[PDB]
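Quick setup: one chain, the form deposited without the ligand, written in structure tokens, and binding and motion questions come after.
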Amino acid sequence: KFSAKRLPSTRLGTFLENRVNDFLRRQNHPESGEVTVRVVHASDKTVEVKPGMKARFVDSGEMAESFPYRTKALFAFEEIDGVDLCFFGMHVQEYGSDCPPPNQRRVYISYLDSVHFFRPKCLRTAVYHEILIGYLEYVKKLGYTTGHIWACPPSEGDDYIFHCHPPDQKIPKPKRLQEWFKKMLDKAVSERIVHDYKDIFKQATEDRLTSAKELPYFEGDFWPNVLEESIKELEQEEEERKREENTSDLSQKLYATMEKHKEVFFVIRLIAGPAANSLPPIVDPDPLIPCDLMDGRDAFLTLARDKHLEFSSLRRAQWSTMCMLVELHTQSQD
């Protein structure tokens, strides 16, 4: 059988699905189906500091040339009338206790995506939030201190994870998506999972950040590109000065840009103050899960394209879910 449930379990996946199914049982809605959450990829990776920042801080011995992290891909499924439906996916970057600052004990959501067929409709958003809150709860348990979220909605005709969304599945505007994450985080705060959360500018300001080398540096995130762009801006400005003499600040730029886009970037403190400073090493009890299909989002989108796996109607998404689960089961076995 190539079911979602028969996908190999992990502690993380089991923690999340139990949280979700406990929630659903409390709601006692006759339309809800059993939810399955599976981690389908886990591997060690490194994020490499880009040239501009490398020249300025890395070659100086001030900053690590790269940061080690574990990427995980997980999916949530709802079984309904005996049929599997993949309705939520997320990739995360987890920087461990052995990671050098400024990244140590941080988690970053690379991206998340959904297709809006969860049944019942009235519990869909609540279920998304239970998954995200459960995730924050879990990594907090392991000893990660801080979560990071870029509230970036996809551009028109862009799919983060699932190929071909339903035409009538609306894409939230920035403000709506921002409020969505705030509602999730506020619930996590009420449950004493999250200590507090701030926009990136307020956080930087309070942490007394003085140098770009202090800003957490994640794979594919907004800020590494802002810093490269900024550093080339400084390079151009130096050029014009040289022109002025006839021989033809970074922290200021970063703070300006942070303030401009602060609403879009959440810094989430799981463990604050003291307890954060005398933590044991993080030991993740789940094994690595090699799965080339799910290392980052590109491979699955390509697979979907090639085999025509759309998630554009309930029935189409269920069929694509079968094809997805078949691919995952077969790539695993041999």
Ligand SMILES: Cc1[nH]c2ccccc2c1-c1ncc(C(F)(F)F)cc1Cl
The other form holds:
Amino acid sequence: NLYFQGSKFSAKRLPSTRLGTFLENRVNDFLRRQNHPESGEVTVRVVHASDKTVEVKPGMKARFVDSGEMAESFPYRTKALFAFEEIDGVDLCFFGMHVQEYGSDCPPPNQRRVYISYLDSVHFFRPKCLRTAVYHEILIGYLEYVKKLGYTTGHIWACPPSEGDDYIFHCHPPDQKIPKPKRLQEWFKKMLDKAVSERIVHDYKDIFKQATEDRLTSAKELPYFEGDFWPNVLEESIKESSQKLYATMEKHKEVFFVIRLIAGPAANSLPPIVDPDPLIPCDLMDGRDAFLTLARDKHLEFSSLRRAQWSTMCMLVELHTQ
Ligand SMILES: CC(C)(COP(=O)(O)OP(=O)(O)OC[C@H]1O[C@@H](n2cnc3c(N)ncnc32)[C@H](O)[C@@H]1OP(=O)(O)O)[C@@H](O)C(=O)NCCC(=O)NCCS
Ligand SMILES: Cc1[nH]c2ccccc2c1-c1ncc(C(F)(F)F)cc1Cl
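Next block, the form deposited with the ligand bound, ref. the form deposited without the ligand:
In what comes next, the whole complex appears, and the chain from above leads the way.
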């Protein structure tokens, strides 16, 4: 075999991580209990991990940071992970997700939280009848894994991409339907209800219920995440001027899930979060832009199985080499 088409550049030979091994073990265990003949071995790899900070934007800084009520910035670790399936000997990249992990050495209100910035997929998983179930196993495992390290809360924003935009994979298949907000909200509910039944998630609530239950009064109590809706909405509210906050939360409450992983009394005694995986510098996978940019420029579409496999191979070579 030619050098770049050799096994050295396969998904499997990408460096292993504790998180990657955990997710894939869980996915392949679910797959072996199904005993479906056309399914292939799944590989999950964390391909980027780096320390970042999210600084509070000027309006909120003015109101809350200079007055001493709120830290000016929050440290977090961003991770990029991808799921691959071998389809009769060929690696296919079918799912990806970037997350933001705010640890125990982080000020409130962001302490011990994970945020799913971006998630995306391409619908060639074989067999197609286990596709949704596998996406759910990955998400559930992610939540279980971070619970076990000592993250207490998770945060999901269910916004589908506007028509024609791609979140991670350049050029989806034209026959891959994009769900409307309702269908996506239900999809997340189904996943979370399964996580709840496994006693991974204690419970979840939309942001309006949660705020009510928390008797939240100030905007400084909201988690402040990189690239999220809510920091832009507050800069919008400040530049032009609790009545307007709750009103805005109620309005978008279906779209934002607060996921409680560790509950009440247990969440105060927690030891410090120790992440046993290393940092993994990889500029290609530092947020979603770099990979969209490369794939646009080099014409690496994910728009058919065969384009997706070529695109996957180029992706892999690049991760192995940078
Ligand atoms: C989120 C995502 C992984 C869900 O994939 P999934 O498990 O296949 O579930 P979907 O809701 O997309 O599809 C399930 C079914 O609903 C159908 N469906 C999806 N959108 C539809 C629409 N607008 N109208 C009718 N049917 C639709 C699909 O065709 C599919 O039918 P099938 O099961 O018979 O094949 C995928 O839709 C996706 O990658 N979306 C873009 C990324 C994203 O939305 N991220 C948001 C959070 S950051
Ligand atoms: C800011 C933000 N960004 C999000 C992104 C995804 C999911 C949830 C949130 C939230 C949120 N989290 C907690 C509360 C609450 F607990 F205070 F109610 C309120 C809010 Cl709006």
